[PDB]
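J.: What follows is each chain in one-letter form.
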Amino acid sequence: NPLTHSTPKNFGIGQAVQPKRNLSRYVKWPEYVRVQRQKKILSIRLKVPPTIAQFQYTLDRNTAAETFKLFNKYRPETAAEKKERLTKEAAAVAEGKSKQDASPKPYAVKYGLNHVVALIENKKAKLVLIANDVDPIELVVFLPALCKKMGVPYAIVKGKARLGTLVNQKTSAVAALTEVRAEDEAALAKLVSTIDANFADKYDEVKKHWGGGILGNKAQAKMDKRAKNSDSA
Amino acid sequence: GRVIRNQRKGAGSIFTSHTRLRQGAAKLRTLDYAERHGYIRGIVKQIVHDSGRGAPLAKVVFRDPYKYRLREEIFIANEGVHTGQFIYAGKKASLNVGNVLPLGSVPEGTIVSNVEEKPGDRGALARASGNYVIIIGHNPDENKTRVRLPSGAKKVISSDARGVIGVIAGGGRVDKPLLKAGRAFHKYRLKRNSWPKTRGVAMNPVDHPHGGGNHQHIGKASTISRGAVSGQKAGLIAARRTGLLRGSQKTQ
Amino acid sequence: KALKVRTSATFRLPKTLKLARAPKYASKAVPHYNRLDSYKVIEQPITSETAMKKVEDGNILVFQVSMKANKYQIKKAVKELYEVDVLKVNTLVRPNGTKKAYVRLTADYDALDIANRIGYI
Amino acid sequence: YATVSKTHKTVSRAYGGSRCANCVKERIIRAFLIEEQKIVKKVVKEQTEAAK
RNA sequence: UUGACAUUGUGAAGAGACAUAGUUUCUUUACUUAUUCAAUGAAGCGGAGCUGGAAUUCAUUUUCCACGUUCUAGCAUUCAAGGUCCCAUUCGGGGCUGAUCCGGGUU
RNA sequence: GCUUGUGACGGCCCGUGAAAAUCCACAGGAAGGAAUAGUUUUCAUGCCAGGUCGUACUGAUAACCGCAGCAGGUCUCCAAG
RNA sequence: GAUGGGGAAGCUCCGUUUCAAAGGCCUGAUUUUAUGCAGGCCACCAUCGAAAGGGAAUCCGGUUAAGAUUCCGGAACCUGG
Ligand SMILES: [Mg+2]
Ligand SMILES: [Mg+2]
Ligand SMILES: [Mg+2]
Ligand SMILES: [Mg+2]
Ligand SMILES: [Mg+2]
Ligand SMILES: [Mg+2]
Ligand SMILES: [Mg+2]
Ligand SMILES: [Mg+2]
Ligand SMILES: [Mg+2]
Ligand SMILES: [Mg+2]
Ligand SMILES: [Mg+2]
Ligand SMILES: [Mg+2]
Ligand SMILES: [Mg+2]
Ligand SMILES: [Mg+2]
Ligand SMILES: [Mg+2]
Ligand SMILES: [Mg+2]
Ligand SMILES: [Mg+2]
Ligand SMILES: [Mg+2]
Ligand SMILES: [Mg+2]
Ligand SMILES: [Mg+2]
Ligand SMILES: [Mg+2]
Ligand SMILES: [Mg+2]
Ligand SMILES: [Mg+2]
Ligand SMILES: [Mg+2]
Ligand SMILES: [Mg+2]
Ligand SMILES: [Mg+2]
Ligand SMILES: [Mg+2]
Ligand SMILES: [Mg+2]
Ligand SMILES: [Mg+2]
Ligand SMILES: [Mg+2]
Ligand SMILES: [Mg+2]
Ligand SMILES: [Mg+2]
Ligand SMILES: [Mg+2]
Numbered sequence: 024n025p026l027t028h029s030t031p032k033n034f035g036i037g038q039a040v041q042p043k044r045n046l047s048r049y050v051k052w053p054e055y056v057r058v059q060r061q062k063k064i065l066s067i068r069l070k071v072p073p074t075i076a077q078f079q080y081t082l083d084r085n086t087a088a089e090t091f092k093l094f095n096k097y098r099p100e101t102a103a104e105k106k107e108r109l110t111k112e113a114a115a116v117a118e119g120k121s122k123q124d125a126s127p128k129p130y131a132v133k134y135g136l137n138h139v140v141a142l143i144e145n146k147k148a149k150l151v152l153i154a155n156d157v158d159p160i161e162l163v164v165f166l167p168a169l170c171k172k173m174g175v176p177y178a179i180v181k182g183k184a185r186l187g188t189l190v191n192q193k194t195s196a197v198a199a200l201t202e203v204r205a206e207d208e209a210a211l212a213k214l215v216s217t218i219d220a221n222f223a224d225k226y227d228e229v230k231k232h233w234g235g236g237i238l239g240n241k242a243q244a245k246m247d248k249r250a251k252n253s254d255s256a
Numbered sequence: 002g003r004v005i006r007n008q009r010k011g012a013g014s015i016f017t018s019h020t021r022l023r024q025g026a027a028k029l030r031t032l033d034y035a036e037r038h039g040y041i042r043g044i045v046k047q048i049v050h051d052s053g054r055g056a057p058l059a060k061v062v063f064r065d066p067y068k069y070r071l072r073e074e075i076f077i078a079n080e081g082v083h084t085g086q087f088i089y090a091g092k093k094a095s096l097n098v099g100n101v102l103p104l105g106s107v108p109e110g111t112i113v114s115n116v117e118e119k120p121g122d123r124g125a126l127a128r129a130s131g132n133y134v135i136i137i138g139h140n141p142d143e144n145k146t147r148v149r150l151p152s153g154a155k156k157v158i159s160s161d162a163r164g165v166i167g168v169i170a171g172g173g174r175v176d177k178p179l180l181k182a183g184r185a186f187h188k189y190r191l192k193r194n195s196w197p198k199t200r201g202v203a204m205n206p207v208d209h210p211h212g213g214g215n216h217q218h219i220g221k222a223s224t225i226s227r228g229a230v231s232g233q234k235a236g237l238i239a240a241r242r243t244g245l246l247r248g249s250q251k252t253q
Numbered sequence: 022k023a024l025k026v027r028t029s030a031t032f033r034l035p036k037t038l039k040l041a042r043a044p045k046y047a048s049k050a051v052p053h054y055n056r057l058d059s060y061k062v063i064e065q066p067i068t069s070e071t072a073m074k075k076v077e078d079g080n081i082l083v084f085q086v087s088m089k090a091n092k093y094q095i096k097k098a099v100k101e102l103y104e105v106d107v108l109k110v111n112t113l114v115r116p117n118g119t120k121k122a123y124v125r126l127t128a129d130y131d132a133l134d135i136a137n138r139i140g141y142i
Numbered sequence: 062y063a064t065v066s067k068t069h070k071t072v073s074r075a076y077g078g079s080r081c082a083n084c085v086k087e088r089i090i091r092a093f094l095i096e097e098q099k100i101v102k103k104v105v106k107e108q109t110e111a112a113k
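Protein chains in written order, with the authors' numbering: chain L8, 24 to 256; chain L2, 2 to 253; chain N5, 22 to 142; chain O4, 62 to 113.
Everything labelled a hint here was simulated from the structure, so no lab data went into it.
The C-beta atom is built at its ideal place from N, Cα and C for all residues, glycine as well.
Don't take every hint at face value.
As the list claims (entries may be wrong) - Across the chosen pairs, the derived CB separations fall in these ranges: (1) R227 (chain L2) with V164 (chain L8): 52 to 58 Å; (2) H139 (chain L2) with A256 (chain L8): 23 to 29 Å; (3) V65 (chain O4) with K109 (chain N5): 30 to 36 Å.
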């Protein structure tokens, strides 16, 4: 009120300088930004062949969380942990005269691509996890097919980084179980089943299903409006 | 023999343009938000000579919609526009001399200038003193608009291609005999190094297809094929008829 | 949550931490000594007759002086090497490629004394 | 002009050493009237909106 | 310059063979991501919605246009005044709204 | 009067006869400011400093180019009766 | 004529703001302290290229065998602090 005054302001073309708005939709990104964006786009416009696109079908957040939960109980030794174990066996074994078996049979997650592969091949794994990233996708594309043939129940999972966490590397590519303490075989059968029902069983049908072929949405609206109107008046 | 003249022009050395004095490049406003949703006002602050150009330019200044400042444009002055006049640019603008409108928004028979070939190219068609184009058609679906260019040719372009109402100023310039050699001289002095012109037929063979002989003569058909090759094409290139044009011209 | 909000459409190179050099061995082990001290600045008296006249009549010392040296360095070096105050300093380059300094002393000093106290005449 | 007192670089009217006075008589009247007729323009069409 | 092959992909109608099931090949005409051209200190795109209103209602909306500037050679800038909420009231200062939503395809 | 400078004009052009550094001004009003005393250096006066390189002479029937102290060539200012 | 670049077997050729994440000023925040962060800007994108173009400011008198708008005398003016 006082000697204060309502002025409004008219931004209606022809007058008043435009205000500051969010041009974020318009900013001229650095090329590296523009490329990786359009890579994802271009990747989706093309019709991607079935043996890719069987990926993208990531495990669901609930089951996975339940699966990381288990796998976490099986992390590989830590630097300390192993150092500690050594001095335990290195001292004790050599004197107590045990057969290099004053160490308990370790149960941990198997990893590394080449490791896990011969494992699957030798029917020793019981649950392979495969990341959905993995940029030369080839390191990994033969795995569902493989795991299928070896009757080894597997799951494609969000997170090469996250497979990396549970194994102490930045990344991982694959994480696998072969062994397990009896206190856990229970929830692993359970786990294996959800997974088996989402992947291994569905593998044959997924194999027939090409992917991609998706329009951008300026084009989508174009034919959602052209195809609404044309046929049904 | 030697490289003939019309192939030397290409490396542009002495043949580049005499640009030092020109006002700048004539162009329409950039096809921004204003000009393509509504209109936008300006003032012709000055209309002025451009060296080596027939037609005068019109300096026209506009507010920046996005910043507090003046932004000046260089227009080719249509006949009749005057300093201090308001110029209107936009789809929703009104049809008077000076204003700039998209060929879609102006009826058949509108007479416009400096028109774009594709929307936004900031002005391509009819800019020489006197010239203009006339809208002769519209095709509401796929918005084309048909025009006749100064050459007589008819083209079709986007309805959004902008033009400016009226005709370019300074017309008639070429009705005036140049009278003497120097008046050409000074003309070309402010254009390019294209003048005067030795006839090839006055040259020697090293110089030209036409050179040599004990009398001056062209020695073979002076109509040369399109498939000719550089160093060959002097004469009447790809000429499809030849000789005194008797009878009314003018496209059907 | 959601995205940033850039009001401008130009993206610019981020302002990134510029660390200053903290070496691990040194440039040259021993710094260079003063490449142009008063003894290397001011080379000899110039004692042509027509220069002595500037001393006698002009309260002016003429020295041949280092090429690498300017009016500043000449002035200071004369001050320091000779216990004198300097009014102004004029220089030129001789035609054998040597710098000559017309050094004017202030009214308190007497270049002539000062001339045959450094020992020429 | 940087070696000279500021009174050598203006007259004391508005737009002093910049615009020619007769020219500021001008922009004053224009400013006034146009701002007036602006109030005139809005009440003509404020009515039109309620009279149609 | 003209043809073939490679860059080369996606629909649709039509021709063409195992001899009238659809793997395959060309004629047409669609698609956009390759490729190509233009523009801009990648500024207002595409989709929905508000209000108005032409419209004629065959149950009620089935739609279509709009949806801040044109007597005048002025003036238009300080995240905007206003409105409203916070800091613990200092001067300063911050959100929201003013300026509708949704998609990040610069057009 | 002569030479040069300059003004206000007038002729001409399909010719209408550079740029940038730099300087000032104005529109704006962020903000900063007095009565026990504040603002003010575009008013005056006052203090210190201003580096580096060139700087002689010839410039022509002998100091430059023409094999040379060559009747040739080689840009320009001042201009008495 | 460098530069992100694009050609070229390559000596190098093209491009000069060009399909580039191109850079720097004003003061504030420090009263561990010297200068990090806090705003707001401005997006101009090298550089060389005129001793006749543009351009801050000096004059008269005297003086040398040979320098002088440069020394001496007197009287100024400009830029920066
Ligand atoms: Mg453990
Ligand atoms: Mg050119
Ligand atoms: Mg010529
Ligand atoms: Mg001819
Ligand atoms: Mg001729
Ligand atoms: Mg001849
Ligand atoms: Mg020939
Ligand atoms: Mg021939
Ligand atoms: Mg002949
Ligand atoms: Mg003849
Ligand atoms: Mg004495
Ligand atoms: Mg000197
Ligand atoms: Mg005055
Ligand atoms: Mg004021
Ligand atoms: Mg754009
Ligand atoms: Mg003269
Ligand atoms: Mg004139
Ligand atoms: Mg001024
Ligand atoms: Mg403030
Ligand atoms: Mg002063
Ligand atoms: Mg310095
Ligand atoms: Mg001399
Ligand atoms: Mg002589
Ligand atoms: Mg001679
Ligand atoms: Mg180059
Ligand atoms: Mg230079
Ligand atoms: Mg100069
Ligand atoms: Mg000069
Ligand atoms: Mg004298
Ligand atoms: Mg002497
Ligand atoms: Mg002399
Ligand atoms: Mg003096
Ligand atoms: Mg001063």
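J.: So which of those numbered hints doesn't the model satisfy?
T.: none
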